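Now for the letters of each chain:
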Amino acid sequence: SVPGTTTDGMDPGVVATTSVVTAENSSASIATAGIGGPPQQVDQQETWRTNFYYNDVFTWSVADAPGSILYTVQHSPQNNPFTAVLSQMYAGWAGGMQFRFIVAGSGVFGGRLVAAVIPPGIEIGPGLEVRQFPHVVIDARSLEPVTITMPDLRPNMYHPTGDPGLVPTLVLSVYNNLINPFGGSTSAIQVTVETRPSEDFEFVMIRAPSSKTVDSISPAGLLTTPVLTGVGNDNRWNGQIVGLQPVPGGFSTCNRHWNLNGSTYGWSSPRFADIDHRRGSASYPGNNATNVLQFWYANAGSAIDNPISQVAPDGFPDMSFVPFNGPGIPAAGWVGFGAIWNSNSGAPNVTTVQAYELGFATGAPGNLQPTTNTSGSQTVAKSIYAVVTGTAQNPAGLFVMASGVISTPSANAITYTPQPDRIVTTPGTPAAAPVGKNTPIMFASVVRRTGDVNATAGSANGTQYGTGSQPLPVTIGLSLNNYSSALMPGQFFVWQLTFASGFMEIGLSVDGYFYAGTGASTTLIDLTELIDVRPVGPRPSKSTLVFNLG
Amino acid sequence: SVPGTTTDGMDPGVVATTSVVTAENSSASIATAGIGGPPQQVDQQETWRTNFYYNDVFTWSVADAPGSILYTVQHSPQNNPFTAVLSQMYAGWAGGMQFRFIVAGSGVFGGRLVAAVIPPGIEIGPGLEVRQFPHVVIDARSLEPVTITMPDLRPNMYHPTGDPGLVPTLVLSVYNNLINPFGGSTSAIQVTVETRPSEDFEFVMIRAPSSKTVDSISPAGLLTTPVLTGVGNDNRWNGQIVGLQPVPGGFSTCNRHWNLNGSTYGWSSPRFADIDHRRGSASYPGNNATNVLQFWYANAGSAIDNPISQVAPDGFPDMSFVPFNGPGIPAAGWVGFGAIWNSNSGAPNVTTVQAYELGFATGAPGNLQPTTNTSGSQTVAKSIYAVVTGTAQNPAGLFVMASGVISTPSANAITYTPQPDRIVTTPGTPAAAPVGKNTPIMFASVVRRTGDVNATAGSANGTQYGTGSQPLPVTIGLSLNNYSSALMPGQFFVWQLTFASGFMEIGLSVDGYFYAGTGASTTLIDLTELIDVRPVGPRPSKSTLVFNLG
Amino acid sequence: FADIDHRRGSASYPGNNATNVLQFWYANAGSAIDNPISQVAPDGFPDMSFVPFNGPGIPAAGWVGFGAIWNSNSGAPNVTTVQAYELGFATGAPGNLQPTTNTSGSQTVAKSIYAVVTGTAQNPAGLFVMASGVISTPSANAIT
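The listed protein sequences derive, respectively, from chains C, B and C'. A prime marks a further copy of an entry chain. Residues 21 to 570 in PDB author numbering are what the first sequence lists, from first letter to last. Residues 21 to 570 in PDB author numbering are what the second sequence lists, from first letter to last. Residues 292 to 435 in PDB author numbering are what the third sequence lists, from first letter to last.
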């Protein structure tokens, strides 16, 4: 006898068929994937083919209404961890994949789940009625696993590895409300999804692995475990990422931000080199030239140095200029050490070296006001400390070092200084907006300031944070590879961030912005107990990313 | 007709073979291990190899997330009691070992366990995902036992007892969260692991009893019952350990601290002898050389006679200096009965023998400041009482007894000394951090005070508890042996203290520090009713130690 | 490539007048108790020998990087001591500045290449220099 309480790795449990799984589909799938040649990696006795391996886990609570979606997977060789390795030596794939669900509940629970394979060409999200497709209904009291097969319903004769085309989507939604007849704090059970290729899965043509690599067919390898723990910086301050900042209002970052199409709207390369502009006018107030505040300005659009955009010099911060006058230190400003140099010889001036506040403004000879649009604006520098003399040369130049620190009027730290009310954006960049319970996030790094240059993380004076839209390895890999055929609009590419106590998901839209499903919470995420990052793949944007840190 | 509620000692239950148990692995194991000669203790009728016997027990909480480690053991003869008895009687082994798990839960529980056998080359830590290996799933409502056999996968032809090399590892983690539908106080069940050798297990060479190499006998012998309720002293002072106190936040002690791998980062060999220096200057304030306070200092690095490190003389305490001036005695610190002496075959001076407080200062003899880091500092010593003479020669030195006390001005309740903000550290020290609910602990003792000679544990005011990092018999037994392969890093060697009304588990990490699962409490735990100590062994850091106290 | 931040290194400036002086800073190698990797020098310090210079003469082939002197008791940088500081390793900081290659018995030495008004003479003072560095060249023309 074999009890139902212990299940083998190769045991499928009960096999739950659906009208979408037909012999005609299987025979047509084999017969027309044969245009790739003989099927490859089809040995039935291989260990990667015979066992089920983990794909996901999800929670089913009593508050989950009938029709609400709990699980959604897209047909891919990236669901299985071993067909994802084998796809790096083959140029195509076809066939189906089995999905084994193990429900972890007792015999006292009620409520049921429903499972349908959704054909390609149908939008996946809320309002998709899973119970009016051909479906299967699973109890909460299932002891044995329930494996359903996802066939290859494809309009192409095989899926190329780079662009697969249209694929089905397996949806597990709530059929009936899960009930606990006991009543109390214990109202949730868990369902584990595992996966294994079907008997008619195959790869079709071989190809050299030095062709389109793992970094060009999916953005799974961009956001790996050392990137988010201690190695990757951000794309604004070049500082070690120590957290995530949820932005419930939404923001819009243009500079050093790459979308999933391999394009940018900014004026900066994916690197932190210096800001060097030629022929911008420099000036200094009054008639006396001792301890004066050096000023520099140049119209946006006349920076003919960058092969990416003519708006601003490379590495210029996309922050509005905060106005200040006299010997008063401004609040929340990008300042960076630099100098004024004569354009005719390239020689920097001896005495005009200071920490210059860099930003975007509107009227440089008159009243200095901040701005966000680059149109009709100008890139404006002005030193925050005293400079002896000052170059009043009109064709003069400005050279400012790459990384920047925070201007703070006192020793005490302030909030994260690129707030969305002052981030400079060209006309045309799309904005990150909260979709469902998923709010956009930034990537906080500890950035020191001009009030305490000894201030580190956890300083008793107060810790200072600067935020970026993307990690630098993420936007470095996004500029080098194109992932248009990896995510439709209205979809996220989700990773899982396992922590020491909890676990929580982030997702990347086609715009390039990252999202965590935290709702309206503004509390910074610690990112210190982060142990593991793994990808799970394309998911709907209107499906809440999980977030529990307790 | 056994009903399944009662299991025989020889009964495995349901056998669950994942993918590693194969017939030709067994054949390639048996035939290959004839390089040790004829196999020994291979009689498949002996009761030590036909019955399952107790190995370990572990607790499965409802708070253990999926993927959390519950029970991992490397392949060893030490996983069975009688194989651990015979392993000191033999010098090599090969073959598998069966693991019978018995889950103690009723039919109202839910949740699953997952068990895999990990191949020998794979590193086991935070990034290991166990559900993506060939595995088996076990329900919490398992009545009959489940037996998972780990085979002998090895690149060597056998396993030497002193250096087995690459072994497989059985890893049993949480597949699904444990659920109690009642909720309430009951939030954990227990699983008992029994063990029995496989059909192909054997020993080879005999060797003399107690004679093996690497994987030195696990450090179960350096911490026995008396250490806590009898002999056994501290690291800063020579007193009996009257209790343990948990520090929330962590600490760092690097004076008499030896790590798993035999090494020290600091001075002061583990013996309370005396403090002696030869080079260093003496000075006194005041124009009159009568009723003054002597002032000795030397720089950190003039300890030429110290053979361990140059930064301090041998026996000099790691207490930052408390700056004081006048007839008011300082608050806490390290004073000691000592004297001054001159160099060039010079005996100590008769008229100056006094209690001197020692420490590390910066900016002597002007504004004396306490010092946190050992590098870039200077050692200092000055009298707390009056002495009618002072010497001012440039070569001068101390002679201070090695046992020390704490100088308290009014001396009522006070505070345990030293605090975690008062311990000096060499550069490059490892820092103790709270992992999960486990906090570092630190051993207290009763120490006399200068204000009150009767510092007895009774009436007339509460006592002063002087605190040290690790016990001195542990340091004495661990300064010679090397335990680099005894304990796998990322876990700790846990014991089991048994009081008169409860029990508390104490873990010992690879840094030499001790961990307890008390939580966020600063309550001193009194070792008066402690009876006996029984070792448990290796347990990972994700498991929380128990705190069942009366 | 993060910044160079050292606590308690002595700072000084020559002469008695404090206008357009060359700011100087030095700290013994081995007393940088900030790095969890080695105590020799602060994190990001260049492994280049200090090339000596004096007066208003620009040195040849030196690591220079923009920075400031800050008071250690509060962390506040000074307003006026911001310049391009040459960073290197030397042997005698109060006496004759000579280059060195071995870290043993040497010191990490900073000294600005342009004029600085006033100058902190505080012994426990600190130095904060930005991460990336540029070349010091005595003329417009490049060198090896």
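Treat the hints with caution; some may be incorrect.
Example chain B residues on the side facing chain C' (calculated, C-beta under 10 Å, incomplete) [unchecked claim]:
1. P390
2. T392
3. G448
Since the hints were made in silico from the structure, they are not lab data. For every residue, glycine included, the Cβ atom is placed at its ideal position computed from N, Cα and C.
Do the hints match the structure? See the list:
no.	hint	result
1	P390	14 Å, violated
2	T392	8 Å, holds
3	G448	7 Å, holds
Comparing the model with each earlier hint shows a violation of hint 1 alone; every other hint is respected.
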